[PDB]
Amino acid sequence: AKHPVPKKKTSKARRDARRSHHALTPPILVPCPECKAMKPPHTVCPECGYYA
Amino acid sequence: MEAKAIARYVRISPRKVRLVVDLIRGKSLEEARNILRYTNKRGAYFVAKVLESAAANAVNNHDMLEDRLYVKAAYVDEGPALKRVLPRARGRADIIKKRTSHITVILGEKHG
Amino acid sequence: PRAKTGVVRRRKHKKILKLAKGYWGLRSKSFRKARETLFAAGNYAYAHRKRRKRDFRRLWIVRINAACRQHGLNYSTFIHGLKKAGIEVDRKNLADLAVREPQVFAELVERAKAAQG
Amino acid sequence: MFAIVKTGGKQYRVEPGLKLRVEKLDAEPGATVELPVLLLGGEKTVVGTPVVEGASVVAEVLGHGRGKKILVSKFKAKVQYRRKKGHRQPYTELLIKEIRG
Amino acid sequence: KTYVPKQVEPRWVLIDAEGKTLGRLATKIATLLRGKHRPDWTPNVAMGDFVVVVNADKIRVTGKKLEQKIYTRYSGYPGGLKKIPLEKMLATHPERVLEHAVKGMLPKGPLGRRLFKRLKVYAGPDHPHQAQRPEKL
RNA sequence: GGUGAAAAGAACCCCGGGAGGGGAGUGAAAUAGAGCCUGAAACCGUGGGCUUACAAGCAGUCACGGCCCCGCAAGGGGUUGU
RNA sequence: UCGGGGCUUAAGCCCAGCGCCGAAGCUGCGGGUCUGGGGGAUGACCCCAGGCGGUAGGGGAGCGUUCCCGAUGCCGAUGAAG
Ligand SMILES: [Mg+2]
Ligand SMILES: [Mg+2]
Ligand SMILES: [Mg+2]
Ligand SMILES: [Mg+2]
Ligand SMILES: [Mg+2]
Ligand SMILES: [Mg+2]
Ligand SMILES: [Mg+2]
Ligand SMILES: [Mg+2]
Ligand SMILES: [Mg+2]
Ligand SMILES: [Mg+2]
Ligand SMILES: [Mg+2]
Ligand SMILES: [Mg+2]
Ligand SMILES: [Mg+2]
Ligand SMILES: [Mg+2]
Ligand SMILES: [Mg+2]
Ligand SMILES: [Mg+2]
Ligand SMILES: [Mg+2]
Ligand SMILES: [Mg+2]
Ligand SMILES: [Mg+2]
Ligand SMILES: [Mg+2]
Ligand SMILES: [Mg+2]
Ligand SMILES: [Mg+2]
Ligand SMILES: [Mg+2]
Ligand SMILES: [Mg+2]
Ligand SMILES: [Mg+2]
Ligand SMILES: [Mg+2]
Ligand SMILES: [Mg+2]
Ligand SMILES: [Mg+2]
Ligand SMILES: [Mg+2]
Ligand SMILES: [Mg+2]
Ligand SMILES: [Mg+2]
Ligand SMILES: [Mg+2]
Ligand SMILES: [Mg+2]
Ligand SMILES: [Mg+2]
Ligand SMILES: [Mg+2]
Ligand SMILES: [Mg+2]
Ligand SMILES: [Mg+2]
Ligand SMILES: [Mg+2]
Ligand SMILES: [Mg+2]
Ligand SMILES: [Mg+2]
Ligand SMILES: [Mg+2]
Ligand SMILES: [Mg+2]
Ligand SMILES: [Mg+2]
Ligand SMILES: [Mg+2]
Ligand SMILES: [Mg+2]
Ligand SMILES: [Mg+2]
Ligand SMILES: [Mg+2]
Ligand SMILES: [Mg+2]
Ligand SMILES: [Mg+2]
Ligand SMILES: [Mg+2]
Ligand SMILES: [Mg+2]
Ligand SMILES: [Mg+2]
Ligand SMILES: [Mg+2]
Ligand SMILES: [Mg+2]
Ligand SMILES: [Mg+2]
Ligand SMILES: [Mg+2]
Ligand SMILES: [Mg+2]
Ligand SMILES: [Mg+2]
Ligand SMILES: [Mg+2]
Ligand SMILES: [Mg+2]
Ligand SMILES: [Mg+2]
Ligand SMILES: [Mg+2]
Ligand SMILES: [Mg+2]
Ligand SMILES: [Mg+2]
Ligand SMILES: [Mg+2]
Ligand SMILES: [Mg+2]
Ligand SMILES: [Mg+2]
Ligand SMILES: [Mg+2]
Ligand SMILES: [Mg+2]
Ligand SMILES: [Mg+2]
Ligand SMILES: [Mg+2]
Ligand SMILES: [Mg+2]
Ligand SMILES: [Mg+2]
Ligand SMILES: [Mg+2]
Ligand SMILES: [Mg+2]
Ligand SMILES: [Mg+2]
Ligand SMILES: [Mg+2]
Ligand SMILES: [Mg+2]
Ligand SMILES: [Mg+2]
Ligand SMILES: [Mg+2]
Ligand SMILES: [Mg+2]
Ligand SMILES: [Mg+2]
Ligand SMILES: [Mg+2]
Ligand SMILES: [Mg+2]
Ligand SMILES: [Mg+2]
Ligand SMILES: [Mg+2]
Ligand SMILES: [Mg+2]
Ligand SMILES: [Mg+2]
Ligand SMILES: [Mg+2]
Ligand SMILES: [Mg+2]
Numbered sequence: 002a003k004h005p006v007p008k009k010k011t012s013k014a015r016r017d018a019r020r021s022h023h024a025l026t027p028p029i030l031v032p033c034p035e036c037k038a039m040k041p042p043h044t045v046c047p048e049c050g051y052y053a
Numbered sequence: 001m002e003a004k005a006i007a008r009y010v011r012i013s014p015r016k017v018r019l020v021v022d023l024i025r026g027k028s029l030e031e032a033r034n035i036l037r038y039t040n041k042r043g044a045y046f047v048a049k050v051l052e053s054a055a056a057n058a059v060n061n062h063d064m065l066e067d068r069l070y071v072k073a074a075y076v077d078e079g080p081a082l083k084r085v086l087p088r089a090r091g092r093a094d095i096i097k098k099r100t101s102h103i104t105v106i107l108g109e110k111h112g
Numbered sequence: 002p003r004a005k006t007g008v009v010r011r012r013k014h015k016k017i018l019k020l021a022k023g024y025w026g027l028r029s030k031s032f033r034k035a036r037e038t039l040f041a042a043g044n045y046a047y048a049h050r051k052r053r054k055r056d057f058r059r060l061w062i063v064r065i066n067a068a069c070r071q072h073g074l075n076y077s078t079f080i081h082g083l084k085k086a087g088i089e090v091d092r093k094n095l096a097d098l099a100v101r102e103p104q105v106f107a108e109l110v111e112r113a114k115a116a117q118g
Numbered sequence: 001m002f003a004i005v006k007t008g009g010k011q012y013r014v015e016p017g018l019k020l021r022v023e024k025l026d027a028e029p030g031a032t033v034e035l036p037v038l039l040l041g042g043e044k045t046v047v048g049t050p051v052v053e054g055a056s057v058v059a060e061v062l063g064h065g066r067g068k069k070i071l072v073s074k075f076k077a078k079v080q081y082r083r084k085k086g087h088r089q090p091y092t093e094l095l096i097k098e099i100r101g
Numbered sequence: 002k003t004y005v006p007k008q009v010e011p012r013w014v015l016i017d018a019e020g021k022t023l024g025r026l027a028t029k030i031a032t033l034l035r036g037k038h039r040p041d042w043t044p045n046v047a048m049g050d051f052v053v054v055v056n057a058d059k060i061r062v063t064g065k066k067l068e069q070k071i072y073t074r075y076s077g078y079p080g081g082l083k084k085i086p087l088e089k090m091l092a093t094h095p096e097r098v099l100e101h102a103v104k105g106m107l108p109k110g111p112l113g114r115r116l117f118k119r120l121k122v123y124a125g126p127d128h129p130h131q132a133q134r135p136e137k138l
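Chains as they are written, first to last, in the UniProt record's numbering: chain A, 2 to 53; chain B, 1 to 112; chain C, 2 to 118; chain D, 1 to 101; chain E, 2 to 138.
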C-alpha cells in the first residue's frame, strides 16, 4: 500500500508466463532389491528393511 | 471405455492441487500410485484418494482390467470460496478466500 | 408501467462482442474494450480501402518499370510513348502483360519508342 | 487468344469460356451483349488508336446480383461522432463466348 | 486479379567493386537485393538476386571523405560512443564500408535483414565459386 | 423467495475415516439431486485446430501466402508468416 | 546524424526544356439520399440537373423496451418467454 504499487493489472498472458517454471518434477525412485517395490534412492524404506 | 470419479468441495486451493494433477496426467495407474506415493505436497493425499476411487469404479463397475488402465485425463476445478475476515492494522480489515477444489480423474483401458 | 432493462443491454453487447472475436486478450472479451477497438478497426478499413487502390497502382508501376528497364527505356518515357501513341488501353494494371505475354509488351514498347520522335 | 476489354469504367483480360463479375450492366438477365469495347489479342491486335476500330467480344449476361455487405464505420474522437453504413455493391456476372474481331 | 509468382530460383550475380563510387554502387546493389528489376516483383517475398562483391577494398569515394567522414557505433555505456573515420575502416575490415552502405539502403523490416544476408561482400578478388559468376557492371 | 405433477428426497453394492463420488433405482426430465427452474458475463480449467524463441508493440487494418476445416467441385470459415 | 544511407562536371546552388510519380481534389462505372425541374390523369414509377466534412445547436424520419385496446380473440407440449 504505502509506496510501491503495481501500475497495471498483469495480463493473463504475463501471469502464466511467469508461472513457466512452477511445474514440479515427479519424484525420483528406484526398485529396491529386497522387494519389487519402489523407493527413493539411498533410502531405507518400510515394507522391506535392510541387509544390516 | 472409461471410468470417472470426482471429489467435490475439497477444502484446498485449486492452483495448488492442480500442480499435483498435472504430474500424473496420462501416466499409467502404476507409476501414478508411485508418483503420489512419494510426492511432497498436501495435494497428493486428495488426488490419490480420488485416483484410487476412480480405479475401484473402473473395475467394480466397468469390468476394466486394473493392471491395464491409465489416466486418460484429469483436472481440478474451483468451488465456492470460504471468505473470512482478517483483522488488520489501524483498524482496517479485509477478507481472505479459503478457496476450494473439484478434483476429477478419468481413467481408461490401455489398448486393444 | 415499469420497463426493466432486460434483454436489451445484453443483446446490444453480444453483438459487438461477436464483431470482436479474434482480438487479443481483453480486447475481445470486454465489451468496452471491444467497441473501442472496433471503432479503430472500422476507420482503418475505410482508409486502407482508399489506400488499396493507391497501393496496386504502385506495385504495377514497378513491375512495368522493371520490364521497360530490361527492354531498353524506362517507365517515364514508356508511359509517354503510349500516352502519345494513343494506346490509352493498357491500364497500368493490365500492363501485367510484362509478366506473361511479353511479346505483346514488346510490341507495345516499339509503339512507344515510335511515338517518341 | 487474349482480349483486353473495358466496361464499367474498368478493363479486364478475357478468354472465351471465362466467367467474370463486372460493374452492373442494363441488360436482359439472360441476353447477349458484346463489349463493343476492345484492345489487344492473342496475336497482337494492339489498339494503336484507343480502341481497335472494328472488333468486339460477345458475352452472355449470366445474371445480376449484389455483393457481400461491407460496413463503412466512421468515427471521430473527443466529439461523439459515429456513423455506420452497410454497403453492398450491385454487379452482373458475365460469360464470355466469342471474341470475334 | 494481379499475378503472384511462385517458388523461383535466385540469380547469383557477381560485381567487381574496384573503381566504383561507393554510394553509387551501393544503390544498384540494393535494388538487386530486392526484386525491383524483375517484372514479377513482389514486396513481401525476398526474391532479389544474390549479389556478390569483390575487390571492395578498392572502392572509390569523392571529396575528402576518407580523411573526414566518420562512422559512429554506440555501446550502451557512458561515453560508449565510438567514432571511426572511413580511412581506418578500410585499413582493417574494409568490406564493411560497402556493407554499411547497402544495409542502410535496405528496408528496415524483418525482410530487410533476409535480404542483407543475400549480399556477399569480399576484399576480393575471388570468393566461393559455387555456381554463377555472372560478371556485372 | 423457486426440486418435482407427486418425495417418488436415491434402498442395496463399490472406493473413501468422512466428505464426495461410481453403479443401481425413481421421474417426462436428475444437464430437476436438495439452496436443486431457466442458468447470461466477468473469471478458472481440460481437449483439439492454426501459431510463436533475430524480434520494438493502442494490438488493429489492407494485401498476398501457408496450414487446418466445412460444400468432390468455381466458393466460404479458423489461424497468422511477410 | 542532412529523416537515414549516402552524394562532389552532384543526389549541392542557379538558368532553360521535355517527360513521369502523385491526394479521399477532378474523370470513368455502379449505388444511396436530399432538393429543384420534367412525363406519369395515375398512388406506384422513370428521366434530367444539382447538393450531401462537422462540434454547440435547430429540424425531419425511424428502431427497440414495459403496459393498454384489438382479446370470450389468435399462436403454444408437433414446445411459449428466455
Ligand atoms: Mg493463459
Ligand atoms: Mg491457458
Ligand atoms: Mg462439502
Ligand atoms: Mg497436459
Ligand atoms: Mg478427499
Ligand atoms: Mg466402485
Ligand atoms: Mg456403469
Ligand atoms: Mg488443470
Ligand atoms: Mg465462490
Ligand atoms: Mg497483524
Ligand atoms: Mg492496516
Ligand atoms: Mg482493505
Ligand atoms: Mg485474494
Ligand atoms: Mg436502465
Ligand atoms: Mg483471453
Ligand atoms: Mg473470457
Ligand atoms: Mg496511377
Ligand atoms: Mg477523430
Ligand atoms: Mg467523444
Ligand atoms: Mg479525445
Ligand atoms: Mg470536444
Ligand atoms: Mg451513432
Ligand atoms: Mg535506381
Ligand atoms: Mg553505415
Ligand atoms: Mg518493405
Ligand atoms: Mg520506419
Ligand atoms: Mg532494427
Ligand atoms: Mg408438493
Ligand atoms: Mg428429505
Ligand atoms: Mg450414489
Ligand atoms: Mg461394485
Ligand atoms: Mg464399502
Ligand atoms: Mg479430514
Ligand atoms: Mg457414499
Ligand atoms: Mg453399468
Ligand atoms: Mg444413474
Ligand atoms: Mg440443461
Ligand atoms: Mg450436454
Ligand atoms: Mg433438503
Ligand atoms: Mg437446500
Ligand atoms: Mg450446493
Ligand atoms: Mg455455465
Ligand atoms: Mg451451476
Ligand atoms: Mg460461463
Ligand atoms: Mg477459457
Ligand atoms: Mg482453452
Ligand atoms: Mg489450449
Ligand atoms: Mg478441426
Ligand atoms: Mg544481429
Ligand atoms: Mg493507433
Ligand atoms: Mg487471398
Ligand atoms: Mg490465402
Ligand atoms: Mg499439403
Ligand atoms: Mg488433411
Ligand atoms: Mg481464409
Ligand atoms: Mg497481421
Ligand atoms: Mg538526404
Ligand atoms: Mg540508404
Ligand atoms: Mg559524395
Ligand atoms: Mg537569376
Ligand atoms: Mg539568367
Ligand atoms: Mg524561358
Ligand atoms: Mg520558365
Ligand atoms: Mg513537362
Ligand atoms: Mg501524372
Ligand atoms: Mg507524394
Ligand atoms: Mg472519395
Ligand atoms: Mg470518384
Ligand atoms: Mg452517381
Ligand atoms: Mg443518382
Ligand atoms: Mg444516405
Ligand atoms: Mg439539401
Ligand atoms: Mg423530386
Ligand atoms: Mg428538369
Ligand atoms: Mg411530378
Ligand atoms: Mg403516376
Ligand atoms: Mg396521359
Ligand atoms: Mg399528381
Ligand atoms: Mg446524385
Ligand atoms: Mg469534419
Ligand atoms: Mg414504440
Ligand atoms: Mg427498456
Ligand atoms: Mg411488468
Ligand atoms: Mg390469454
Ligand atoms: Mg372465459
Ligand atoms: Mg410454436
Ligand atoms: Mg410432451
Ligand atoms: Mg419451436
Ligand atoms: Mg425442441
Ligand atoms: Mg427459443
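Be careful, since some hints might not be right.
As the list claims (entries may be wrong) - Chain B residues, not near chain A, derived (Cβ > 12 Å throughout): (1) 2; (2) 43; (3) 49.
To be verified - Listed below are several chain D residues computed to face chain C (Cβ distance under 10 Å; list not exhaustive): (4) 41; (5) 50; (6) 77; (7) 79; (8) 84.
Source of the hints: derived by calculation from the structure; they are not laboratory data. Even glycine gets a Cβ: it sits at the ideal position worked out from N, Cα and C.
So, going through the hints one by one against the coordinates:
1. Under the 12 Å C-beta cut-off, the non-interface status given to residue 2 of chain B relative to chain A holds; the minimum distance is some 23 Å.
2. Consistency note on residue 43 of chain B: stated as away from chain A, yet its beta-carbon is not over 12 Å from all of that chain's, at 10 Å minimum.
3. The non-interface label for residue 49 of chain B is consistent with chain A: the shortest C-beta to C-beta separation is roughly 18 Å, beyond 12 Å.
4. Interface restraint check for residue 41 of chain D: the shortest CB-CB distance to chain C comes to about 9 Å, inside 10 Å, so the restraint holds.
5. For the restraint placing residue 50 of chain D at the interface with chain C, the shortest Cβ-Cβ distance is roughly 5 Å, inside the 10 Å limit, so the hint holds.
6. At a threshold of 10 Å, the smallest CB-CB gap from residue 77 of chain D to chain C is about 8 Å, leaving the interface hint in force.
7. A hinted interface residue such as residue 79 of chain D counts as satisfied when its beta carbon comes closer than 10 Å to some beta carbon of chain C; here the least separation is about 13 Å, so the hint is violated.
8. Interface hint status for residue 84 of chain D: upheld, as the beta-carbon distance to the closest one in chain C is roughly 8 Å, under 10 Å.
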